[PDB]
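Protein chains: 6
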Amino acid sequence: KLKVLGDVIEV
Amino acid sequence: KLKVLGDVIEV
Amino acid sequence: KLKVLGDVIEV
Amino acid sequence: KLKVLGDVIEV
Amino acid sequence: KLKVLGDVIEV
Amino acid sequence: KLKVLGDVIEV
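Residue numbers (the deposited numbering), protein chains in the order written: chain B, 1 to 11; chain A, 1 to 11; chain B', 1 to 11; chain A', 1 to 11; chain B'', 1 to 11; chain A'', 1 to 11. A prime marks a further copy of an entry chain.
Please note: incorrect hints may appear among the correct ones.
[Said to hold, decoys possible] Calculated pairs, DSS-like style, for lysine-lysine (alpha carbon to alpha carbon, straight line, at most 27 Å):
1. A:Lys3 / B':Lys3
2. B'':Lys1 / B:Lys1
3. A'':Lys3 / B:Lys1
4. B'':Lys3 / A':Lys1
5. B':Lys1 / A':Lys3
By construction, these hints were calculated from the structure, which means they are not laboratory data.
Based on the sequences and whatever the hints tell you, model everything.
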């Protein structure tokens, strides 16, 4: 199954 | 740290 | 169209 | 609650 | 390579 | 603004 891993970033 | 866990869908 | 839905989590 | 709405791209 | 760009939203 | 940068994986 596809899954998203990521980061929150302030822009 | 703020991380993201998510799913992919077709819309 | 592909689209991501997810949650922010503190690690 | 903090949710994520995003897009998938090819880079 | 696939990559996710998105926004954090308060729900 | 809080943005997301992430990756797609198969789990």
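Hint check results:
The straight-line distance between the Cα atoms of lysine 3 of chain A and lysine 3 of chain B' is roughly 18 Å, inside the 27 Å bound, and the hint therefore holds. Among the hinted pairs, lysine 1 of chain B'' with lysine 1 of chain B is consistent with the structure: their alpha-carbon atoms are about 18 Å apart, no more than 27 Å. At roughly 24 Å between alpha-carbon atoms, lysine 3 of chain A'' and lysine 1 of chain B fall within 27 Å of each other, so this suggested pair holds. In summary, the hint linking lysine 3 of chain B'' to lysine 1 of chain A' is supported, as the alpha carbons are separated by about 24 Å, within the 27 Å threshold.
In summary, the hint linking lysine 1 of chain B' to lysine 3 of chain A' is supported, as the alpha carbons are separated by about 19 Å, within the 27 Å threshold.
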